[PDB]
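Novice: Chain by chain, the residues run as shown.
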Amino acid sequence: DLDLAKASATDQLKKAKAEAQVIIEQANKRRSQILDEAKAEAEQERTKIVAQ
Amino acid sequence: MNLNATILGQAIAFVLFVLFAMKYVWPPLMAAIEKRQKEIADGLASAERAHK
Numbered sequence: 001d002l003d004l005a006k007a008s009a010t011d012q013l014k015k016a017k018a019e020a021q022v023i024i025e026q027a028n029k030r031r032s033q034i035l036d037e038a039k040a041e042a043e044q045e046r047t048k049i050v051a052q
Numbered sequence: 001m002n003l004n005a006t007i008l009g010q011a012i013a014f015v016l017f018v019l020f021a022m023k024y025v026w027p028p029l030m031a032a033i034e035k036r037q038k039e040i041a042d043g044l045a046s047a048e049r050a051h052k
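Residue numbers (our numbering), protein chains in the order written: chain Z, 1 to 52; chain F, 1 to 52.
The hints are simulated quantities; they were obtained by calculation from the structure and are not laboratory data. A few of these clues could be false.
To be verified - Chain F is faced by these chain Z residues, among others (derived, beta-carbon under 10 Å):
1. 1
2. 2
3. 3
4. 5
5. 6
6. 9
7. 13
As the list claims (entries may be wrong) - Simulated crosslink set (SDA-like; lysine to any residue; CA at most 20 Å straight-line):
8. 52/F to 9/Z
9. 52/F to 37/Z
10. 48/Z to 37/Z
Positions of the beta carbon are idealized from the N, C-alpha and C atoms, including for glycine.
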């Protein structure tokens with residue numbers, strides 16, 4: 001057990017490091033989607049305000 | 001029954017049978033067991049560090 005205890009601790013920490021980082025990565029991908037959609041909405045609004 | 005000069009000879013035999021156990025039987029016997037006493041005592045601290 002003295003061996004497999006550290007085995008499981010290390011293999012747990014690995015998974016933590018992996019999926020926390022995918023959380024943070026997806027947060028910024030979601031950002032990018034939101035910000036570029038905001039670009040599109042901005043242009044669309046300008047198109048109306050000028051024609052007005 | 002009868003007092004006898006055996007009463008000294010038996011002290012001479014006694015202290016010798018004492019010496020032959022003192023410096024040459026008990027320290028080995030109990031030390032070889034102390035090794036084992038530790039070696040089963042350590043397992044708990046081993047799993048304890050494994051748990052921590």
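Novice: Give a verdict on every hint.
Specialist: Hints, verified against the model:
1. The interface hint given for residue 1/Z is met, as the beta carbon of that residue sits about 6 Å from the closest beta carbon of chain F, less than 10 Å.
2. Annotation: interface hint on residue 2/Z holds; nearest CB of chain F at approximately 5 Å, less than 10 Å.
3. This hint holds: residue 3/Z has a C-beta 8 Å from the nearest C-beta of chain F, less than the 10 Å allowed.
4. The interface hint given for residue 5/Z holds, since its Cβ lies 3 Å from the closest Cβ of chain F, which is under the 10 Å cut-off.
5. This hint holds: residue 6/Z has a C-beta 7 Å from the nearest C-beta of chain F, less than the 10 Å allowed.
6. Using the Cβ-Cβ criterion of 10 Å, the hint placing residue 9/Z at the interface with chain F is satisfied: the shortest such distance is roughly 9 Å.
7. Violation of the interface hint for residue 13/Z is found here, the shortest Cβ-Cβ separation to chain F being roughly 15 Å, above the 10 Å cut-off.
8. Between residue 52/F and residue 9/Z the alpha-carbon distance is near 10 Å, which keeps this suggested pair within the 20 Å criterion.
9. Between residue 52/F and residue 37/Z, the direct Cα distance comes to roughly 49 Å. Violation of the 20 Å bound is thereby established for this hinted pair.
10. Only pairs whose Cα atoms come within 20 Å are accepted, and residue 48/Z paired with residue 37/Z is accepted, the gap being roughly 17 Å.
Checked against the numbered hints listed earlier, the structure breaks hints 7 and 9; every other hint is satisfied.
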